[PDB]
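Just one chain follows, in the form deposited in one PDB entry, and it is written as structure tokens.
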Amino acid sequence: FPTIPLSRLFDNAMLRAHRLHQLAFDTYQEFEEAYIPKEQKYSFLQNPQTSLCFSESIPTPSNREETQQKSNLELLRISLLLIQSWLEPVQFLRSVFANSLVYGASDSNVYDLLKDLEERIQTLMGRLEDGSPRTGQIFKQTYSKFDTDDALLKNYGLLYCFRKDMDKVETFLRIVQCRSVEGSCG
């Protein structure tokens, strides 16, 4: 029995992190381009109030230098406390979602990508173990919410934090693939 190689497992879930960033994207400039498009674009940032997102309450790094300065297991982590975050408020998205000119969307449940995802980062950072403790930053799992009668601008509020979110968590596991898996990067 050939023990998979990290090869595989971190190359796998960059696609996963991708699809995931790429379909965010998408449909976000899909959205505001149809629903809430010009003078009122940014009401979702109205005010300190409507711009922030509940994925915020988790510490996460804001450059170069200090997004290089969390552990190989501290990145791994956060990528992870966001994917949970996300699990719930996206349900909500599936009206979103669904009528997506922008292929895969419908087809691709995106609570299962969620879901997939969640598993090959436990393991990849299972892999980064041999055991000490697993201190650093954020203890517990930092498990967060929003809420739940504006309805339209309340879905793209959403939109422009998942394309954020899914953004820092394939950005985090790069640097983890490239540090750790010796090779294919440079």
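Rigid core (definition): largest C-alpha set, two forms, superposition within 1.5 Å. Positions refer to the first chain, counted from 1. First, how it differs from the form deposited in another entry.
- In a rigid core superposition between the two forms, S108 is the single residue of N72, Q84, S108, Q91 whose Cα is displaced by 2 Å or more.
- Once the rigid core is overlaid between the two forms, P59 does not reach a Cα shift of 2 Å, moving by less than that.
- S43 is among the residues whose C-alpha shifts by 2 Å or more between the two forms once the rigid core is aligned.
- The Cα position of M125 differs by less than 2 Å between the two forms after fitting on the rigid core.
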Contents of the next structure:
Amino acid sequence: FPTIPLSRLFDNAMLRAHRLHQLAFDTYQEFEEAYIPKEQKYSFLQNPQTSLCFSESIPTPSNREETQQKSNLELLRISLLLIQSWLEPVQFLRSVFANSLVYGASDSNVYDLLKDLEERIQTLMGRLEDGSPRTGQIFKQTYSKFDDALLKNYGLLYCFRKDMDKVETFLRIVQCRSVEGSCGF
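Could you give the coordinates for the form deposited in another entry, as opposed to the form deposited in one PDB entry above?
Here we give the lone chain, stripped of any partners or molecules.
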């Protein structure tokens, strides 16, 4: 037989990721402009001993071009992983979320939101498995793990947001070139 349209699995994955991201983004924004002035931002960033995140060991691309030469499987392997990496860590952010003012910010609500999207991607990997040789290094790599507070937290918030954008961006690069007319005219 041929193959069933994936435009429902994508619309359902792409909503979920877009949500995780919209959550990540707003909580960061909130935290940052209460306990982190430009002062602490640059210091933090200037010190990879704070600006560097655990999820930077699973090699992602860094610009349209390099990313637009990544086989579908590949892109979906990377996003599967970033999602898994944040599976435990989110545990922490918990209060921050359930202490924020975003309708939907909560440790649980997010964990489930991550376990949900996680299953969604594997499924597309099985189906939307677009040629791409399932034999490579990123394919052989498991996810990533995590080890004052104010900083520590804003550090995680920095990376959650950084990463959720990666995930949400890699999916759409798959969506557009797999479900025609979806990023239409």
